[PDB]
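One letter stands for each residue in the lines below.
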Amino acid sequence: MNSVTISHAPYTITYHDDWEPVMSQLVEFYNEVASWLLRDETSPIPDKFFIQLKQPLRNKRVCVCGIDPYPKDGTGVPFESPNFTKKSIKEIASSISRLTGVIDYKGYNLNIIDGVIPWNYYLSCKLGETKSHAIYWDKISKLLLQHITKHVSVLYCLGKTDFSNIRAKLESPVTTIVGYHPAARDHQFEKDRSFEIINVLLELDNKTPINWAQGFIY
Amino acid sequence: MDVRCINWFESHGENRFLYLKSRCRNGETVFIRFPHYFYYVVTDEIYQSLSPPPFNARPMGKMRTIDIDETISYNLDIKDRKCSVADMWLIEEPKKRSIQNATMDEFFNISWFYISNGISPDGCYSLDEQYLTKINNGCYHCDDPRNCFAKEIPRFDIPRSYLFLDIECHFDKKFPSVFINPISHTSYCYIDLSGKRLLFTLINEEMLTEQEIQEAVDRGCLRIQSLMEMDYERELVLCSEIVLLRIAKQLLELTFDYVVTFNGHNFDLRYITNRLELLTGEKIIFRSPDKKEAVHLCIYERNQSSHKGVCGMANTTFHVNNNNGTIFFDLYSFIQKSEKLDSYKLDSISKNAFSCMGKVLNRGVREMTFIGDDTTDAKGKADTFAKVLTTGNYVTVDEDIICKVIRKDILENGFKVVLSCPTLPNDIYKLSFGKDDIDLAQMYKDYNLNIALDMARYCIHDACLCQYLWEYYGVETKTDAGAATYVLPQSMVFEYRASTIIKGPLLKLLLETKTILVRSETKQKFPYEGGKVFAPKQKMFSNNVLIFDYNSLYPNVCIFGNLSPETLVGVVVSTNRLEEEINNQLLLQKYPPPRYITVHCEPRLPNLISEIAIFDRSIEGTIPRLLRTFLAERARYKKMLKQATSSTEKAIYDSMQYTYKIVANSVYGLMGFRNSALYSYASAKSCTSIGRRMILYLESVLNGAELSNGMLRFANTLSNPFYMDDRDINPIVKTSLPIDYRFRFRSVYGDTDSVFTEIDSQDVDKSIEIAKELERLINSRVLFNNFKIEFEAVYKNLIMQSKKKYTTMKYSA
Amino acid sequence: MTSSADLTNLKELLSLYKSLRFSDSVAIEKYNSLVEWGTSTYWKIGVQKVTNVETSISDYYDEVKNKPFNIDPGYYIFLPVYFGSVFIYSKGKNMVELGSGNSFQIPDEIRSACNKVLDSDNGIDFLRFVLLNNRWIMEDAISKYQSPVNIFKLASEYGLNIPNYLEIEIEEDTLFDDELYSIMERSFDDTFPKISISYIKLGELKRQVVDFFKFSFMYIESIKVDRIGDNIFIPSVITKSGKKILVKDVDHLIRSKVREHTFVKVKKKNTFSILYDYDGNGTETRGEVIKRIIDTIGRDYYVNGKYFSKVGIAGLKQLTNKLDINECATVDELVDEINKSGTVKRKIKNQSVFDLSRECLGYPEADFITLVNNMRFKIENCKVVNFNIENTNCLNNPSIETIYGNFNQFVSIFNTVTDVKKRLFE
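Chains as they are written, first to last, in the deposited numbering: chain B, 1 to 218; chain A, 1 to 813; chain C, 1 to 426.
Okay, chain B solo, but in the shape it has when bound:
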């Protein structure tokens, strides 16, 4: 556990030693963009921006990347807000509950999973519209993805429209599984029937397949 202090609203940053090599860089990359970012109300609080940076990365081998946090109700963990009303958590639960064979789903809580971490291309957004702060972390979205892809062997992303140029965005040709958004990639509903592909690909790398029922809460 390490703590760092900055000159802006977030101040303390929550992260782990696994993310440590880039954190300082992120700090400077957040020094010159926080002034023009905190001026507009955001879905998470400034402290909540760095929340998903503390989970361990060595144990996890598959990373699931989403499109963007929804404009309100910031929580710091993608597709995590338990309400059974918003499409995000319901889709992130039903994309694996039906495949595994379990029913009566109310939330999966990917935080406790030691092999799969949820992710988003953009850290946050503005209260009222999406992708309203993409410029301020356009290179943070590069360095975070570079750091996470160096700790895992399989990368999963949702939505081809916003993830078409991931290969150009990546430097090391690490294996990257491409998938569609559970709600709608582009005016098209996706059931996300590619999790068994992720399991078999992880098995091919001499690694145990992901148990998608370890954190199923019912």
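Hints may contain errors.
[To be verified] Here are some chain C residues the structure puts well away from chain A; computed CB gaps all over 12 Å: (1) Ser-15; (2) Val-26; (3) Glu-63; (4) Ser-143; (5) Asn-164; (6) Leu-175; (7) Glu-185; (8) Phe-192; (9) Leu-205; (10) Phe-217; (11) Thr-296; (12) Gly-305; (13) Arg-423.
[As the list claims (entries may be wrong)] In the SDA-like style, the derived pairs of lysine to any residue whose C-alpha atoms are separated by at most 20 Å in a straight line are: (14) C:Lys-383 <-> A:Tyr-74; (15) C:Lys-349 <-> C:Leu-323; (16) C:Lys-49 <-> B:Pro-173; (17) B:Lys-169 <-> A:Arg-302; (18) B:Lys-131 <-> A:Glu-282; (19) B:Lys-131 <-> A:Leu-278; (20) C:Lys-378 <-> A:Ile-609; (21) B:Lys-126 <-> A:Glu-282; (22) A:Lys-523 <-> C:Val-47; (23) C:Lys-383 <-> A:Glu-581; (24) C:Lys-244 <-> C:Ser-256; (25) A:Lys-525 <-> C:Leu-34; (26) A:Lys-351 <-> A:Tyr-472; (27) A:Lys-62 <-> A:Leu-511.
Don't read these hints as lab results, they were simulated from the structure.
The beta-carbon is built from N, C-alpha and C at its ideal position, and this holds for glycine as well.
Given the coordinates of chain B, assemble chains A and C onto it according to the supplied hints.
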């Protein structure tokens, strides 16, 4: 209505549309809309077996399909290559489809749009008013572009509206940041449709104190607060950053023919748009001429990390998305990718662009004047250097003497410049117009009015440098010629690669010859090596060396040998010597040298020792026809240029011949590209083998010969390495040369297309005369069919250190 | 993708990733291609080189026992394991050899019986082949769907020799001593020698091998040649102790690297003989061994396969011998006989004259073409007339020397076959 085209572009919306930008004689810009299409080719049965009714069907006509799959054979029982003849049709579909047996999947859809409709990208057309439908003022829609372009007229010069802009932004680190640093100055050279070339620099007044702003206003600067107060006839205009960025946005929203900048895509436009979004939350709204769609300034990178050779990797090219039809031209990428330089910096290009030999009038300790009249210089460079010097203030005397111009004046066929340079003994010096060399941070720490004006002058000089390079390289004329030849959009003439460059003329040739090449099996690539430079006989030479080269060696050998994949009868491979000789004795009676030709290629497989490619020279192939047509067209345009007097026609013809030269000197390189439509392993191997054979023949005929009593006796007889000819074979030849001449020829070095021959003669004039006589003899008797050579220069004291590494003195003809 | 590959890998990539038992020479191309363009199968990115793999069937055998031990009680199927060449086969698979990649195809009837048996039950992973004395004898039947005895009886129903089978139930810790080995050997008594006796428990994939050594050194004699004219024999080695030495192939003889008529000790058995395999040290040139074996077998003989047929009596009879037709002595009669046999006529045309002649004389595909390469020819009417060598670097081994000596007979056969082809295809 007469329209000359400027650019072609297509929309990126859900309902994709293609647009054409042109201008009339008066200067009114005309935009025309066409429906974007997807082009596919089908046969008779496939067209007749389409359950949905086709949107539009056009009979492509009779065409012959040939399989280009290599069939390696170990004996002379080689089956005939697959070939068929059938009627084909072309179909246009707005949306993407997946149709089986639809060939020609490599040619771009824009190339099909250009070629099927018979439209030249840079042509001037007298459109018909009956087939044109008007949308609104300046923007029309056409449903039948085939009938729209039914008339073409000879080209006429139009004053193109240009924007040559440069932007100097504040910076404390190596590269300025959008979120940290503001825009300081923006210099624009704006050429209207009326020809008024207005130079104006907008400055950010928020970095100057109120007294400084008042003093600048007293000095002539205009201070404004709103966009309605902007005046374009004043060089120095002071305004706030919000006002400056709004003015820049309203300028970039204008329908300019060419917005030309140096490294603008990477730095200038990106910084402008990002600062506009950050400071005010506004976006540069690019609007389509139809006023049906709008976008923002997005810069996307096309990355090409592939060389297919031994060198390193190239760079990526940035492009701006828009629908206003304005070419956001970047000269940096064009210069980098079309010219070799030691350093890819603006200073180097500026230094190597304009040079002038001038005479020192006075010395005055550190006060020298360099008069640049035509007496001390060449012809033509005087006016151009005067135009460059009008907007410049720094001179690179000698090679590193940076000096600042004190006074400026203009003289007829010359110029007047005075510099602070130390006294020198020599009278004539070569001055190169280098970029300004200043320590920006040190002089920015004490920023004031004079420093602001100096930066404004530097910015306007940088902005006008774009116009100077645009005129020097003939980029308008070269771009029009490249659009006409390569069959590509004017913005995509330089942006696209060699494969797309060829795909236009290659498709045109294929349509002319009704030829389709189809490859079914997956292609396999093998190292074909390629090279002949060997160890020189000697490295020390105190005598002159004569240089002789081949004029378009590879195109000519492809034409002569008919080195085409669809003409290749077959390949015979040998593993044992007995079957090799049996096959040789069979092919010398089945494939006679007088009609066919056999080329000894390198074995494609490790087990094989000898591979023989048999080319039938009865039907000319697509590659030889391409090269022959390109050479003929270049020669025709060159001989038309030689009789031209007007500068405009001179530039036009030079650009057209340059484009033909470029498109001719690419087919050999593209024969080694797997994904290209000219891919052929056997043809490339045969081409390099024939080149090596020609180099060997030239070396043999030029080594061991002697000149005595006007008679030349070659060491080896005039024997054709390929087949048997019917002409004189005696190496002894007579020349009209002095009897006292006693010289010996001994070649020591030979490149892929050049051979170095040493001559013991020391006189320059005698060496030049001997080289000319040798060239005439080689072109008259030694060579045959359609082969020629040329004389470039004479090398003196040629000493070789290693392969392709020599030091010598070159004397012009 | 769900359509194909990846999660299925077509059941080749996933198997070859970890299982090295099924590593035949046919699948190397597919595996190398799939791994090389792993970024081009459907999607994703991946590159690696998996070239030069070999059949590692030994994973099915845990370890080999050289001393008596204690066997666990249970139900055991006892079979005799013979000595000779080892092969694998699985549902029309190419007949590949372990360690050399030999592709000597089995006859049609045995292949038909094997594929019919495998179609009867799909649980048979693979079956071993033995080529002792140029004969095909069943070795093992690894399967889990049904007992190996049913597979053996089904194979024997078609008319194929199968090894004897026994079933033993033991409910105590019986010691596996030499008496048990002797009685099991007596139970599987046959004219065909066997190298050991194997026991299989409940069809376990992993298996144990038990054997003993009884080597002795008395004397060694010259290598006998069993050339009888039927092209079915082996280069047996005769000793002075009253027993011969079993040799599976000439490759084993040339790999033994043991001197002749000297103090030689080789692996003897209780009632059989196993040729010694060179695994120690010592100084011995290959050329001397090749000469001392070629002079014993014969000057006109050489080293390849198991035939090394004579050349001096070739004439036209060897053409009939290699075409399994009746004897003949005249060109026109031989041509008519070839035309009469439709299968022979069809199978002649797909092979070149040079290849047919080199198979008729049995010229190896290792050095014959190499010697032909570095030598000049003068050819008239597509028949060899003159030949001359220029370098002796390829003449170091006696095999090239004797091939050059018989090159006259080779040219005669080449001319004869060329004339036959010309008269048959004109």
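Against the structure, the hints come out as follows:
Consistency note on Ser-15 (chain C): stated as away from chain A, and its beta-carbon is indeed over 12 Å from all of that chain's, at 24 Å minimum. The claim that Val-26 (chain C) lies off the interface holds: its Cβ sits roughly 19 Å from the closest Cβ of chain A, which is beyond the 12 Å cut-off. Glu-63 (chain C), annotated as away from the interface, keeps every beta carbon of chain A farther than 12 Å; the closest lies near 40 Å. At roughly 39 Å, the least C-beta separation between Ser-143 (chain C) and chain A is larger than 12 Å, which holds for a residue marked as non-interface.
At roughly 47 Å, the least C-beta separation between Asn-164 (chain C) and chain A is larger than 12 Å, which holds for a residue marked as non-interface. With a closest Cβ-Cβ approach of about 57 Å to chain A, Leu-175 (chain C) is found to remain outside the 12 Å limit, as its non-interface label requires. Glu-185 (chain C), annotated as away from the interface, keeps every beta carbon of chain A farther than 12 Å; the closest lies near 48 Å. Consistency note on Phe-192 (chain C): stated as away from chain A, and its beta-carbon is indeed over 12 Å from all of that chain's, at 40 Å minimum.
In this structure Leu-205 (chain C) is separated from chain A by more than 12 Å, as the shortest Cβ-Cβ distance comes to about 38 Å. No Cβ of chain A comes within 12 Å of the Cβ of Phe-217 (chain C); the nearest lies about 45 Å off, and the non-interface call holds. Once the 12 Å rule is applied to beta carbons, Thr-296 (chain C) is consistent with being away from chain A; the minimum gap is 30 Å. With a cut of 12 Å on Cβ distances, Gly-305 (chain C) stays outside the contact zone with chain A, its closest approach being about 20 Å.
Every CB of chain A is more than 12 Å from the CB of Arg-423 (chain C) (nearest about 18 Å), matching its label as outside the interface. Restraint check for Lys-383 (chain C) and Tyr-74 (chain A): satisfied, since their Cα atoms lie roughly 17 Å apart, inside the 20 Å limit. With a C-alpha separation of about 13 Å, the suggested pairing of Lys-349 (chain C) with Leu-323 (chain C) holds against the 20 Å cut-off. Proposed proximity of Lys-49 (chain C) and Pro-173 (chain B) is supported: the alpha carbons are some 16 Å apart, at most 20 Å.
Annotation: proposed proximity of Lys-169 (chain B) to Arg-302 (chain A) holds, straight-line Cα distance about 12 Å (limit 20 Å). Taken as a hint, the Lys-131 (chain B) and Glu-282 (chain A) pair is honoured in the structure, with Cα atoms around 15 Å apart against an allowance of 20 Å. With a CA separation close to 14 Å, the supplied pair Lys-131 (chain B) and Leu-278 (chain A) stays within the 20 Å bound. About 19 Å separates the Cα atoms of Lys-378 (chain C) and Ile-609 (chain A), which keeps this hinted pair within 20 Å; it holds.
Annotation: proposed proximity of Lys-126 (chain B) to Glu-282 (chain A) holds, straight-line Cα distance about 16 Å (limit 20 Å). With a C-alpha separation of about 19 Å, the suggested pair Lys-523 (chain A) and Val-47 (chain C) falls inside the 20 Å cut-off, and the hint holds. Annotation: proposed proximity of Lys-383 (chain C) to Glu-581 (chain A) holds, straight-line Cα distance about 11 Å (limit 20 Å). About 16 Å separates the Cα atoms of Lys-244 (chain C) and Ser-256 (chain C), which keeps this hinted pair within 20 Å; it holds.
Of the supplied pair hints, the one linking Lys-525 (chain A) and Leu-34 (chain C) holds, its CA atoms being roughly 17 Å apart against a limit of 20 Å. At most 20 Å may separate the alpha-carbon atoms for a hinted pair to count; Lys-351 (chain A) and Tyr-472 (chain A) meet this at roughly 14 Å. Under the criterion of a C-alpha separation no larger than 20 Å, the hint pairing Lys-62 (chain A) with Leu-511 (chain A) is consistent with the structure, at around 10 Å.
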